[PDB]
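J.: The primary structure of each chain is shown beneath.
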Amino acid sequence: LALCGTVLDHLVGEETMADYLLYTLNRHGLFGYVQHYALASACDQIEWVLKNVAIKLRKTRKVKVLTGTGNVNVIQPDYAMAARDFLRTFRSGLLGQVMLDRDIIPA
Amino acid sequence: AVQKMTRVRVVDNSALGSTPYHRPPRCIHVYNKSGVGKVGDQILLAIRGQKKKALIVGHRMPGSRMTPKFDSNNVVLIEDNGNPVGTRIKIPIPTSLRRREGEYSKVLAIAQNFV
Amino acid sequence: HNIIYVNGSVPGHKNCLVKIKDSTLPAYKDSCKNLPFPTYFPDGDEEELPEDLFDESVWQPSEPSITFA
Amino acid sequence: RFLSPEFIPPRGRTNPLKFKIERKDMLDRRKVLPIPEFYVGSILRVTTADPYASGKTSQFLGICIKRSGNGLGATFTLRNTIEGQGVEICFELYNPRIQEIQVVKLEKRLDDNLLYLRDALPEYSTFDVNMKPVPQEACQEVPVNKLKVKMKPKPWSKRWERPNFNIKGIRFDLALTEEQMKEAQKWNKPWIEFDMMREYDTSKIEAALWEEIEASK
Amino acid sequence: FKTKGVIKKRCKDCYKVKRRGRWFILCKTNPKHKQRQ
Amino acid sequence: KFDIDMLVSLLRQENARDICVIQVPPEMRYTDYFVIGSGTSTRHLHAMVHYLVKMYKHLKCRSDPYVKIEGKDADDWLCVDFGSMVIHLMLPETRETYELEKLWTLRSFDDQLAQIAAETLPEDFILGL
Amino acid sequence: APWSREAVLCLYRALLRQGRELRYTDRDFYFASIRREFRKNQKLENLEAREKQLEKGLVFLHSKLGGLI
Amino acid sequence: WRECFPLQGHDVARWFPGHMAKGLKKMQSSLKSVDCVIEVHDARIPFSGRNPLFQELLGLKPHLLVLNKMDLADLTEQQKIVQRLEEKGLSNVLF
RNA sequence: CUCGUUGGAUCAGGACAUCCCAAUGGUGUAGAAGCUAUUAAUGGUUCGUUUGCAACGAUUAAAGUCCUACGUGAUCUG
Ligand SMILES: [Mg+2]
Ligand SMILES: [Mg+2]
Ligand SMILES: [Mg+2]
Ligand SMILES: [Mg+2]
Ligand SMILES: [Mg+2]
Ligand SMILES: [Mg+2]
Ligand SMILES: [Zn+2]
Numbered sequence: 219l220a221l222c223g224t225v226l227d228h229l230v231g232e233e234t235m236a237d238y239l240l241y242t243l244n245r246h247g248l249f250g251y252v253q254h255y256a257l258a259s260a261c262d263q264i265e266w267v268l269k270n271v272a273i274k275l276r277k278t279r280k281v282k283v284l285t286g287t288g289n290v291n292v293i294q295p296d297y298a299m300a301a302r303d304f305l306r307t308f309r310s311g312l313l314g315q316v317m318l319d320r321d322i323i324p325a
Numbered sequence: 031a032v033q034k035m036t037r038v039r040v041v042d043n044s045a046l047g048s049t050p051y052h053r054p055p056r057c058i059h060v061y062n063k064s065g066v067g068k069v070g071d072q073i074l075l076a077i078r079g080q081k082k083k084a085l086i087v088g089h090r091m092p093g094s095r096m097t098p099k100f101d102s103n104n105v106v107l108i109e110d111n112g113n114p115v116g117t118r119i120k121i122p123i124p125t126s127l128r129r130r131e132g133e134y135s136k137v138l139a140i141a142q143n144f145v
Numbered sequence: 280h281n282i283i284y285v286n287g288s289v290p291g292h293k294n295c296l297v298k299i300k301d302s303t304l305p306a307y308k309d310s311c312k313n314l315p316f317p318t319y320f321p322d323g324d325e326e327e328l329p330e331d332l333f334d335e336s337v338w339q340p341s342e343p344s345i346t347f348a
Numbered sequence: 074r075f076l077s078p079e080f081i082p083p084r085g086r087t088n089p090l091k092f093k094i095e096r097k098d099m100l101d102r103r104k105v106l107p108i109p110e111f112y113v114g115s116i117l118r119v120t121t122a123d124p125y126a127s128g129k130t131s132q133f134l135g136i137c138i139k140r141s142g143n144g145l146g147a148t149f150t151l152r153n154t155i156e157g158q159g160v161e162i163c164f165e166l167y168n169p170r171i172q173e174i175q176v177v178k179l180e181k182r183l184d185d186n187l188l189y190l191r192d193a194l195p196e197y198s199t200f201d202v203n204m205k206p207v208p209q210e211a212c213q214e215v216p217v218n219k220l221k222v223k224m225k226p227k228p229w230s231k232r233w234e235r236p237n238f239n240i241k242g243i244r245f246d247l248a249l250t251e252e253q254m255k256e257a258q259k260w261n262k263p264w265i266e267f268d269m270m271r272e273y274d275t276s277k278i279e280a281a282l283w284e285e286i287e288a289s290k
Numbered sequence: 065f066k067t068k069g070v071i072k073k074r075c076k077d078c079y080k081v082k083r084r085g086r087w088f089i090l091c092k093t094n095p096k097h098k099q100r101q
Numbered sequence: 085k086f087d088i089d090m091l092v093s094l095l096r097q098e099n100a101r102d103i104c105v106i107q108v109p110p111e112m113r114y115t116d117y118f119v120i121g122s123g124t125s126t127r128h129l130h131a132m133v134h135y136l137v138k139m140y141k142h143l144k145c146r147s148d149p150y151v152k153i154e155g156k157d158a159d160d161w162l163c164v165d166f167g168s169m170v171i172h173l174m175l176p177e178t179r180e181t182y183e184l185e186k187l188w189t190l191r192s193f194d195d196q197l198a199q200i201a202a203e204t205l206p207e208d209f210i211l212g213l
Numbered sequence: 002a003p004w005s006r007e008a009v010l011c012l013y014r015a016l017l018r019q020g021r022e023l024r025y026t027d028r029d030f031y032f033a034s035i036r037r038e039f040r041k042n043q044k045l046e047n048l049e050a051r052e053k054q055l056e057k058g059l060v061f062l063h064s065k066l067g068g069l070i
Numbered sequence: 015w016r017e018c019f020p021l022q023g024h025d026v027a028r029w030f031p032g033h034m035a036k037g038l039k040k041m042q043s044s045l046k047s048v049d050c051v052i053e054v055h056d057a058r059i060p061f062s063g064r065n066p067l068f069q070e071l072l073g074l075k076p077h078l079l080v081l082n083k084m085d086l087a088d089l090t091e092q093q094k095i096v097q098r099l100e101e102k103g104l105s106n107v108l109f
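Chains as they are written, first to last, in full-length UniProt numbering: chain C, 219 to 325; chain S, 31 to 145; chain Y, 280 to 348; chain B, 74 to 290; chain L, 65 to 101; chain U, 85 to 213; chain P, 2 to 70; chain Z, 15 to 109.
Errors might be hidden in some of the hints.
[Said to hold, decoys possible] Label pairs and their calculated CB-CB ranges:
no. : chain 1 : residue 1 : chain 2 : residue 2 : range
1   : B       : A288      : Y       : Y284      : 24 to 32 Å
2   : Y       : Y284      : B       : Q253      : 47 to 55 Å
3   : B       : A288      : U       : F193      : 50 to 58 Å
Source of the hints: derived by calculation from the structure; they are not laboratory data.
For each residue, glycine too, the CB sits at the ideal point set by N, CA and C.
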């Protein structure tokens, strides 16, 4: 329901949703994203895909990171934009047509 | 003074929380009659779309004399049954947890260092 | 120097006169029996008291450092 | 003559009799335990008994970053970093569960406070736990280490660049542009250093205290 | 000791009493039958 | 008197499957002795743990304060903390997973601590050409 | 790979001797613990890993068998 | 490769504000003026997630289900999907 | 053949038709949870998320039901 945009993405969180897209797309095997996002042949790590796509979009942000010696604001790749931008493409059909409930047809 | 919404450091080795990615875990609930939680006080922590109970082992607020004040708010993830999630705790843990009212011996066994 | 060491905080500013008195709480109802009944008269010289009087739990200075054996 | 800071009374309306009583108790403890001379920035090792443990003591090594308190309430904070975790402990000089105080390195730093080390790089506050004591020369002036530390990114626990702190041990130039430094001076408050009624003169008191302190011997 | 408008005996052993300004039926055999007005 | 020899002897009486005794050097500000024991079943842990505590209360400790029983919330790990000795009792599955013995036997070479490495100081990710 | 295969044999054998000299901890368990660890770790190793793993016995044996009593 | 996504304590969440609840009352009030009811749902999620309130509350009037956004969905076995909808009783369905 | 003031903040006063604390009866009250009833107004009676009030999440010994012209806009605000 969140993936198709029926519910507001804020409360669920794009980051958590972004993972579900990778799992579903990988399970389905429709590796459309790799062509649209030139990252690698295939991947199933949510962290890995988010890292590279941010570089592709040249998106970065400054995020506070907790460390033993204090709190330091250190520039970091903009993971959030990757989730949001990645999500938008899926619903715009760039990745490809999918059947979220493909498992249930056998019933 | 750990309260609601505080970003906290999971000083542990649990794969769920110890891995360095995602936003720092935020405190949702403090198991005290007062909101403020200090060393040895349990708190409810939200991690990666999940609610996990944790235990405070250090904080940045000044304490009573002869007590260790850390430079970051440290917390340890604890299962519901009380067994700690992580198998090891290498960063020093204050020894006051032994005499504080509650069950802390399990954490002390896991924590090799002591300050 | 006629100095009494009283636990915690006492009302008033520093150099403010106070009214010290035997406690009226129920637990302290009969604590005056052991102490001098009317008062202590040094002029009587019944006994020569030390300069400093301590309580058993108090750790006096110049004693060995406390060890929690 | 190094007079420990706590001995000097703070000004006010308190009667001297209160200080005299406290000094007598303090001097008695000094006989049992010797408090070695040290200044902010010196590395110290303190042995203290742990109430939680049974007949077991503990030691903590760190650089003394602050000296505070007067009389029997005097305290000092010494800092160190262990396993990449910074720790600060406030220690009471006359706490009866302190066994020994050791001055690993007797030295003075450009600043009267080293609180800004929290914003400095980790190396400037890391000290070896087992570092051996260095030789010391009594018939000398206490060495003044003039190291200027390097700071971490701009957001600091406090605005150390501001004139009120008067920090003289930070390399501002590397961390702060010249324009920022001029902005800080808008809070300079130059008049304070030249008002003759803000000065607390303890020449007579320091002389008076030294005789009595030495008299007890 | 249910407070009811009408007090009615529930057993032969039940007896009536007038205690502290109100009517009571107390049954030795069964404490259940105890009532108040 | 309540002591290590009596405590371990009582453990052998109740027949704990696995018994481990570790002397703790005074350098660590912790218990003098550290003991680990295994148990056949969750009931076995409850029975033995209660039995040891009951003996402690009867066996002296008049001046010493009493000891809480921890781990009753869980079903696989119960730990009891005496002033000078602490005994952690866990089932075989819990024991192997945590590997308590290696931690205390090897203070700083334990593989679990060896696997963990000090995190690098956060360095800004800079995009280049 | 190791510092010396003679030391490995000597070291492993030394642990077995130490186990025979024990008072409180179970004799059987200690033998099993050393055997299982030695059988696994020492089979496949590199120069760095083997040197570190061999360091166990040197520190462990020379430290009252890790505190075992 | 990969494995089934584990729940691991994940919780279902919803926003369901007042206007969503207030709007439902008007649907009940305005039911009389409605000759027939059209159910519009996303094609990519035919029946995994649905609102049961409509069918029970609006079951009185005739209801026909239409699955929009068919372009953004894969329909290799559309015929099978209709059978499941027909199995539920919603035989008349247009994409 | 369509419809007719009020949240919140601050401070709260009182009623008891008692939510919790306290004192008890009966029990289809073995022990442990309860259920039913009476007496009692003593102090207490949570923090948020969605946001138009209805839900929700975590807690608490309990998160009472009502009156005081939304209790209270010459105290403030939607
Ligand atoms: Mg002050
Ligand atoms: Mg601050
Ligand atoms: Mg009121
Ligand atoms: Mg009543
Ligand atoms: Mg609010
Ligand atoms: Mg008015
Ligand atoms: Zn009857």
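J.: With 50 to 58 Å as the target window, see if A288 (chain B) and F193 (chain U) comply at their CB atoms.
T.: Since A288 (chain B) and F193 (chain U) have Cβ atoms about 57 Å apart, the given range 50 to 58 Å holds.
J.: Against the range 24 to 32 Å, how does the distance between the Cβ atoms of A288 (chain B) and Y284 (chain Y) compare: consistent or not?
T.: holds (25 Å)
J.: Go ahead and decide if the range 47 to 55 Å is satisfied by the Cβ distance of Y284 (chain Y) to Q253 (chain B).
T.: holds (53 Å)
In terms of the numbered hints stated before, the structure departs from none.
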